[PDB]
Amino acid sequence: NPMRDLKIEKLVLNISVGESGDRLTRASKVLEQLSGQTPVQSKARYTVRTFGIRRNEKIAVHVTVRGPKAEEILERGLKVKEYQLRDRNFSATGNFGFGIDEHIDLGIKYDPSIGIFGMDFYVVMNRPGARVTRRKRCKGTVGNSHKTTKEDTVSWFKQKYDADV
Amino acid sequence: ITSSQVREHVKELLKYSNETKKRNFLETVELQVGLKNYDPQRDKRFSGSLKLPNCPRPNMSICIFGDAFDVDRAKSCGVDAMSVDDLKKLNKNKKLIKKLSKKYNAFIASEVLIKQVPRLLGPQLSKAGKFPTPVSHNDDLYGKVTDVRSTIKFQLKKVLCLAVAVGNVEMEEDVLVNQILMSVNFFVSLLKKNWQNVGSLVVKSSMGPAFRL
Amino acid sequence: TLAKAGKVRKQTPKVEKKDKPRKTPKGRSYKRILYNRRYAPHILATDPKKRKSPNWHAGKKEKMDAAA
Amino acid sequence: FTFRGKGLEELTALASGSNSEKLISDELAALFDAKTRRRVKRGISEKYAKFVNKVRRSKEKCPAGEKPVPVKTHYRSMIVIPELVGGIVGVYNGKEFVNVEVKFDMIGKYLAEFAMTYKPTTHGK
Amino acid sequence: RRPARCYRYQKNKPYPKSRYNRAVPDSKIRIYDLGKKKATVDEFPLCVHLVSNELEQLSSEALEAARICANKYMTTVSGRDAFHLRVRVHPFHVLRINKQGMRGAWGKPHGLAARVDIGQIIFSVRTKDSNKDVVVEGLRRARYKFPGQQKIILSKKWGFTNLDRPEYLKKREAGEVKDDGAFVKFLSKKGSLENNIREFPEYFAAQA
Amino acid sequence: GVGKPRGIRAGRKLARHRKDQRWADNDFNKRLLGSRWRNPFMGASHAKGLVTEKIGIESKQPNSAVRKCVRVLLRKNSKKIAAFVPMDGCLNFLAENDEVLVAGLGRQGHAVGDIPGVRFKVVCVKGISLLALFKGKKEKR
RNA sequence: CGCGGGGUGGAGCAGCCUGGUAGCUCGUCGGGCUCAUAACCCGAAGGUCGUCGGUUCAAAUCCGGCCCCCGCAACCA
RNA sequence: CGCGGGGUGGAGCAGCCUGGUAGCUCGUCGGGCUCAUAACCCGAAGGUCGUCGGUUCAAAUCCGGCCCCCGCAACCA
RNA sequence: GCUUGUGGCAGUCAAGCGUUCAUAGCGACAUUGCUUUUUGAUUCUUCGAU
RNA sequence: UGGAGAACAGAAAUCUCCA
RNA sequence: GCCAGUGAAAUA
RNA sequence: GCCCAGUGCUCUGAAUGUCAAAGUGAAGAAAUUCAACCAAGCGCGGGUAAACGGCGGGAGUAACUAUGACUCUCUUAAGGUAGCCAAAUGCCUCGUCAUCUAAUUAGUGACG
RNA sequence: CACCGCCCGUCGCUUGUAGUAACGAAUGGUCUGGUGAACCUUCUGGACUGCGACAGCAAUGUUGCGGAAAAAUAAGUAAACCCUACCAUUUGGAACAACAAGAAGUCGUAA
RNA sequence: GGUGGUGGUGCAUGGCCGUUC
RNA sequence: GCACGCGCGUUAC
RNA sequence: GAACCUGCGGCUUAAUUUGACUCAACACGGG
RNA sequence: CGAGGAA
RNA sequence: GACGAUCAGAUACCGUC
RNA sequence: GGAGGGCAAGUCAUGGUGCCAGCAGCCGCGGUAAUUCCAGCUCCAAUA
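Residue numbers (the numbering used here), protein chains in the order written: chain A, 215 to 379; chain B, 1099 to 1311; chain C, 57 to 124; chain D, 1444 to 1568; chain E, 264 to 471; chain F, 3 to 143.
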């Protein structure tokens, strides 16, 4: 056995702006209200070409939820990507994860659902074991349970019934 | 003029009358001065009694208002109105801000202005007789209206005004004028330098004058 | 310049001269012909104010025949 | 998850309907703006019909190797017909022929609307 | 340059003048193999090598000249397919010069040479049998160059060459490198394959 | 009376006066002051010389043109001469170092209105009249 | 440090003693005028009043505390 | 050699401290204008930014290492 | 005064020049040296006379 | 650091997952 | 006057 | 010749700021410690170089070519004026051209 | 070609020119102080030779007389040469400079 | 060797028109 | 044809 | 001065036909 | 655009 | 010559010495 | 040796050249329809 296992971690939602405001000042709102939770911005540890020549500050939003709003992630899983993600073909492990690109668009724009445009198409796997070694007090190494996502965390994005296998 | 003659305004001036013996009823003396003559805003007062000791003498309707909740902040007592739909038309100017802040005592309302007080509401009224003073405006304008009604002490704000007292009919001299001074504290002096800041004044009781300087 | 020497003559098309039909009498004869073509009494006859130019016959074949 | 105006197929059946006579069946008529309707309901040319078929052969014969045979034309006055979508027609502008991939969106619009007739202005002095 | 007086000795431990002596007047011999490179590792066998017997500083430029005249002939009578003249010295130690008119002066770098330990192999190359004297006569050249020196020795191995190891590689007819342990045989040694071996394999591990 | 004196005894006066007031004449003042002998030809009418080089000179005022000129070295005199080579192709015959015969242009002094500082004409090349070289049927070397 | 005077467009100067308006010249930028060419003229862009706070309805403006500038004064072991 | 300044059309000068555009004059070459002739004007051809590399999305531009140029400094046995 | 790097001066090997030929006349590279009228190091002798 | 999702980001300036 | 009072600050 | 900013000198001058001793005021119980005014001087104003002394620097800049009376500039009082030289001042320098020699690191005459 | 007309100078540029004075040299001429070939004349000198007398008839010899070559001499005419002054005629010379002429160069505007 | 030419010279010209008015 | 510079005008505060 | 309109210049352009330039060019070539 | 500077 | 003013420029036409 | 004027003689609707080559004694010719250039033709002058 086979007593317990399978659940949906968290819905790590993230846009990657690349300015201050009133731009990030948006990817926020957007995130925030697709979210219900608020918006943990993102730093900016340091500099170079394509702008982003700022100290760790202002250049993306993090807000990422979990649990009951489980399906709230696959709330465009199937949808957004027709329930098809990095498929084919070796070891049935087709890039455990799913491609992406930035997101956004909204000063007027209309709610969603899909829309909001492509987005952070991941928040995914890596096998199993236990429950709280990410604990506190008497911490620990999870068990020796399950398969490196893949041969396990694939057969549970395969019973959300969709393409990748 | 802060001289020997203080007890000429007090001792020698305590049984002047204007007729025969000296009557047969109670007495009523004091010691006139002011509040600070500053401008009823920036700096002119703080805390600490003299005394002194008194209250009204005649009326006390002063100033307290701001919102629809400031009316009840003048209902179980009696004060002036700042209005609601007037701070954007006519709740301040000259005879306006006056109205609400121009009574006799000073002010005991709260605060709420924003970007308007450099020449209108909060502004035009200061040395007139009010400009947001210390009246513990948080629970209302009654408990701190112990500093705005009775006891006292002698809250001296707005335009001049204050109080004084020591004895009754006749039994004070060095401590009569020195009782008038005693009837003065954070109004005759205070923190960094304040032993004097005026020119003259008045005093008596009911008799006739006091200091003839 | 320099090399531009005689630019003109070099560029000129050398035309040939009308090989003498007959001859040009040289002697009292020429002075005679002239005397006849101009100071002979038939020309001193018509007005001395309306007699032609000793070269109006610029060699014009059309006015050459009209006169003769 | 994107779709198209009024259903690319309904129109192939709408255009090539029972009476696929005049290039623009009275069906497609209900769809076009007054100016276009005006023209067709008025007097459209036949050449515009042989040009039609020239795209036809280009769309099928070409393998799924997505390499369409560019069809050349001066008929800049032609209003894209439903079945004209997908083919790359070379349209003359003034200098040469312009190759344009016909999308579903450019229908009811004048074929000339894509063959830039002049190069706008850059600057400096 | 300044002659070879700042020449072969010691007088100074070894100022490899890296991180600590920044200004190393860049090298002189940025070559090393100059020859029939990308070789067969069969083919151009039997190597003759040039050993130096004298704890010296075979200078910078000097090693260059070596290369120069080295290749010069190497090729000039044998071809671009003939040589492969492995440098095999190499020139650290930044030496220095001198220049308050006589009061305490350290050197400023002044050219990098290298320590030929007496017995060490220098600019030594490798080629096929039919090149013998070819190579040999040639290396002579150098010995005549370069603060000599000189082995012009004929060799063997190991296997930097042919190279005796003669009976060896001529024995490892069958194979190349490991060998080594005995397990994941991904060096197609022949011939079955895995199955059989992996039989015998543990068939002995088991005998313990 | 006028300025001049009318005495029968005063001939001398009138005489000296004329001899004096006469210096005011250039034509006079000219030949009288052996001026003719100091010019490049030393009075002479013509002079032989060797071509030092063919140079060209620009026309003046309303004219613009490349004039053909030869810088010559006169024989016994030994002076640098500016000499204008006449008609059309002319300079095409003058080879450098040949012998040339030069003469002046209209009264020795002002050059032809057009020319600048040229005062001489070239008439012979290697002792061959130019005109001769100018007309085909005549001469050439 | 102690006395006393001062930081206002990009520059040089005004406005402050007499609280509500920030001006002049140059420079930058555009136009007039003219038969035309100079000249000449108009109109724009541009100041956070060193900086921080206080009086005040209102502060470049009066008042302070810092930061540099100049001038006086000066005794350190 | 140690300090510091510099190589940009064929020539003489700009652009570099303020990275994205290489300009002016002469010269070469063509045309205007004019009744015409000078004059005058426009438009073209032409730079690899000494040379080698590094940062960099991008280098004549900032940074180096070489090659000459000028200026300082200098003790060789 | 040592020392001789640096100066100067000779020398071996012979690839080269020297149109034909390495050495008549010269010689790259590389290498051995002499020199103490350069210069540079050094501080021994002499400021309690050079 | 790889492998994941990119709309002013797109070498990245900055945003969220994971070994 | 003042209970009304505006404003930069209300007086006999 | 031109420079009065610098250093010096020197004038009634400056509407105002320092500036010692006595003298004055204020405070203590005094000793004593705070005050205000206060000669010169200083600093502010002017003249002053047959007073000490001073006397710039880079860019462009046609009618082969190099060129500067041209203008642009950044700039401190002023920016070397007449005049004068490889001179007893000139670095490179044995300057370059002459001249005097068979010959000149000398002479002299030039040129900047 | 008529004030958007004429026009002046500085500097520059373009194309050119060698003047006047001085000096150098050449030719010629003169002066100053010397050296001085040659020759007329002069005083010498006298080979050689003519005559007469004597030693022999003769070649020869002595002497007297006369003409007379070389040599030498003084005053003179004075060639050439040198030195010292001066004249005449020619001819020479340069970078920088200078002069000449021209222009819708440059700066202004004198008239 | 012509036709024809909104091709060039208004400073080669007619005709016409503007300006001085 | 558009970074812009002129000249009749149209509409208006 | 404003937004349009129209002419002229300029700069683009395959090409943006060209005339005209102070009143005596520029909604003028009936543009 | 809130009646428009030099002209 | 020293100064004021005028001018784009004025050691010039005016003004103070 | 000339043919615009002085200075006798082309009013050729001539060819080439285009301020270039050149003419010109002095005026002045020449910059695409040259009466002065180059040349043809015809003319003029003095005429071995």
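Keep in mind that the hints were calculated from the coordinates and are not lab data. Where hints are given, some of them may not hold.
Chain C is nowhere near these chain F residues, computed Cβ spacing over 12 Å in every case [stated by the list, open to error]:
1) 56
2) 114
3) 128
Cβ-Cβ distance ranges computed for the label pairs, FRET-style [claimed, not checked]:
4) F/143 <-> C/69: 47 to 55 Å
5) A/243 <-> B/1215: 56 to 64 Å
6) C/93 <-> F/94: 49 to 57 Å
7) C/93 <-> F/143: 53 to 61 Å
8) D/1464 <-> A/370: 57 to 65 Å
9) C/91 <-> F/97: 45 to 53 Å
10) E/461 <-> A/288: 42 to 50 Å
11) C/63 <-> F/138: 31 to 39 Å
12) A/265 <-> E/306: 40 to 48 Å
13) B/1136 <-> A/262: 30 to 38 Å
14) F/118 <-> C/90: 40 to 48 Å
15) F/118 <-> C/91: 27 to 35 Å
16) A/254 <-> E/276: 53 to 61 Å
The beta carbon of each residue, even a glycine, is placed where N, CA and C say it ideally should be.
Each hint, compared with the structure:
Under the 12 Å C-beta cut-off, the non-interface status given to residue 56 of chain F relative to chain C is violated; the minimum distance is some 7 Å. Residue placement check: residue 114 of chain F keeps its beta carbon more than 12 Å from all beta carbons of chain C (closest about 19 Å). Non-interface status of residue 128 of chain F relative to chain C is upheld: no Cβ of that chain comes within 12 Å, the nearest being about 18 Å off. Separation of residue 143 of chain F from residue 69 of chain C is about 27 Å and departs from the stated range, judged on CB atoms against 47 to 55 Å.
Between residue 243 of chain A and residue 1215 of chain B the beta carbons are some 35 Å apart, a value that contradicts the proposed interval 56 to 64 Å. At about 42 Å, the CB distance of residue 93 of chain C to residue 94 of chain F disagrees with the hint of 49 to 57 Å. Range check, residue 93 of chain C to residue 143 of chain F: about 45 Å between beta-carbon atoms, so the 53 to 61 Å window is missed. Take residue 1464 of chain D and residue 370 of chain A: their Cβ atoms lie about 58 Å apart, and the range 57 to 65 Å holds.
One distance hint, 45 to 53 Å for the beta-carbon pair residue 91 of chain C and residue 97 of chain F, holds here, with the actual separation near 51 Å. The hinted window of 42 to 50 Å between residue 461 of chain E and residue 288 of chain A holds, with their beta carbons roughly 46 Å apart. The hinted window of 31 to 39 Å between residue 63 of chain C and residue 138 of chain F is violated, with their beta carbons roughly 18 Å apart. Look at residue 265 of chain A against residue 306 of chain E: about 57 Å separates their beta carbons, and that is not inside 40 to 48 Å.
At about 59 Å, the beta-carbon gap between residue 1136 of chain B and residue 262 of chain A misses the expected band of 30 to 38 Å. For residue 118 of chain F and residue 90 of chain C, the hinted distance range of 40 to 48 Å is satisfied, since their beta carbons lie about 45 Å from each other. Checked against the hint of 27 to 35 Å, the pair residue 118 of chain F and residue 91 of chain C fails, with Cβ atoms roughly 50 Å apart. Between residue 254 of chain A and residue 276 of chain E the CB atoms are about 58 Å apart, so this pair conforms to the stated range of 53 to 61 Å.
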